[PDB]
Amino acid sequence: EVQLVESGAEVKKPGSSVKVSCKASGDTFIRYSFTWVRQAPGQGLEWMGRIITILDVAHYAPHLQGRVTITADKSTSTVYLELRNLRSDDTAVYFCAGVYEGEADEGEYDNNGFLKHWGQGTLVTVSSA
Amino acid sequence: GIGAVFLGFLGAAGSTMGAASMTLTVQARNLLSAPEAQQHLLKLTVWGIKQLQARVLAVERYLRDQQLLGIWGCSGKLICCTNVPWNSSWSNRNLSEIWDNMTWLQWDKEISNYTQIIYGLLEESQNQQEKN
Amino acid sequence: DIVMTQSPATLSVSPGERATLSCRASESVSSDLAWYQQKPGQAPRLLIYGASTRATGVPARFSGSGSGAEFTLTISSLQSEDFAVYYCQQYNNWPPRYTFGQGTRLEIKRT
Amino acid sequence: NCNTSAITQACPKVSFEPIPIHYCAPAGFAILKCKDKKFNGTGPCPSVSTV
Ligand SMILES: *[C@@H]1O[C@H](CO)[C@@H](O)[C@H](O)[C@H]1NC(C)=O
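Residue numbers (the numbering used here), protein chains in the order written: chain A, 498 to 626; chain B, 344 to 475; chain C, 677 to 787; chain D, 33 to 83.
Rather than coming from a laboratory, the hints here were simulated on the basis of the structure. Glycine included, C-beta positions come from ideal geometry on N, C-alpha and C. Watch out, some of these pointers could steer you wrong.
[As the list claims (entries may be wrong)] Rough simulated footprint, nothing fancy, chain A against chain C, three-plus residues with beta-carbon under 8 Å: (1) 708-717; (2) 720-728; (3) 771-781.
[Said to hold, decoys possible] From chain D, some residues computed to sit far from chain B (all C-beta separations above 12 Å): (4) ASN33; (5) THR40; (6) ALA42; (7) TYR55; (8) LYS70; (9) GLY75.
Just chain A, with the same shape it has in the complex:
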């Protein structure tokens, strides 16, 4: 039972890099898979991808791969994300989701595909206004 807290908005032109943190705390971090998804207000949604932390291996989006980084620090058991080469039209609210996975330290790992929980909100004003 781990919490999900997120961050706010930053102004940069397309091309910059910004660090964002769904800082997850509260209980055992290992038993859960984590994923991200964003949506700009009034348009479709952009799902980021899952990070299977116990192996510390993630994935991404086909037409976003090349300028993204998601990291799950098992040591501090936190989460970081570094975004690069942005684009102006992408001012979107963000969310970090997760699902209870199972006894990884015991090997059992279902590896489902839905998104149990939901984040709070994070904006990327890709602009200088």
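Guided by the hints, dock chains B, C and D with the ligand onto chain A, whose structure is given.
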């Protein structure tokens, strides 16, 4: 596949040198020797190929031997003697101390280090019979 | 992608009627769909996973399921606290490069 | 300790069960047996046969 005859050459171990030679020269006369479906037209030949690579390798081995004997004056024979006298620097022993109380592998371990030199001596002594 | 022909596209609806969203597919999609909800100016909240039964640990008036591509989210009695969007998501493909959707945007009675 | 590499590919579930597969000796060699019924780990097998 004639490559089975080789087995016979080992089917008389223990039997000492004299008896081994007798049984060898007499083995010379005694050892004298479907719904094929769609898939079963290309995974099948690739078996035959693997079997024809045996018999051919057998006769190739054989023929390679008989040639080697050609260097040693005799070929197509089984019991072969030639024109060199044995040196004494080679594991001096009584003639009867071997031909009645020894097996061949004993010989192997006996002069395994002389095989090459007697080989070569054989290989040359024939050339004398060319110039003479 | 899974052709989320969300029917109806947007629905200005009242409390207390059988909800039937149709966001079907184009390829073989066996048993993997997902419906979530988000309130105007609020966070999203999960409704249905499993693609065959109700979600677990959730208030289970809903029954989001159906036949393959024709999966309907079923809240027979809408309320004053469901003036919020509804979503369709799929998580099939392997090699793992998953997908997402856009969902449907429900609204209150508008004049 | 050093770099790794995830390898994401297809993994359909598939039958799996062993069968007998026996090694043979190429033309020119032989396979020696230990027909003794008391073969301690090493030591002269007092009856050997060729196959
Ligand atoms: C096998 O035999 C060897 C020598 O005969 C002996 O040293 C060894 O202890 C034996 N191993 C056993 C009996 O497990």
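So, going through the hints one by one against the coordinates:
For a cut-off of 8 Å, the count of residues in the stretch 708-717 of chain C with a CB near a CB of chain A stands at 3, and the three-residue condition holds. Interface restraint, the stretch 720-728 of chain C with chain A: holds (5 residues with C-beta to C-beta distance below 8 Å; minimum three). Requiring three or more residues with a Cβ within less than 8 Å of a Cβ of chain A, the coverage given for the stretch 771-781 of chain C holds, as 8 such residues are present. No beta-carbon of chain B comes within 12 Å of the beta-carbon of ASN33 of chain D; the shortest separation is about 44 Å.
Distance check for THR40 of chain D against chain B: the nearest CB is about 31 Å away, which clears 12 Å, and the non-interface claim stands. Interface exclusion of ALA42 of chain D from chain B stands, the closest Cβ pair being 23 Å apart, more than 12 Å. No Cβ of chain B approaches the Cβ of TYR55 of chain D within 12 Å, the least distance being about 15 Å, so the stated non-interface status holds. The claim that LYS70 of chain D is not at the interface with chain B holds, since no C-beta of that chain comes within 12 Å of its own (minimum 21 Å).
Annotated as non-interface, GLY75 of chain D keeps its C-beta farther than 12 Å from every C-beta of chain B; the closest such distance is 18 Å.
Hint compliance for this structure: every hint is met.
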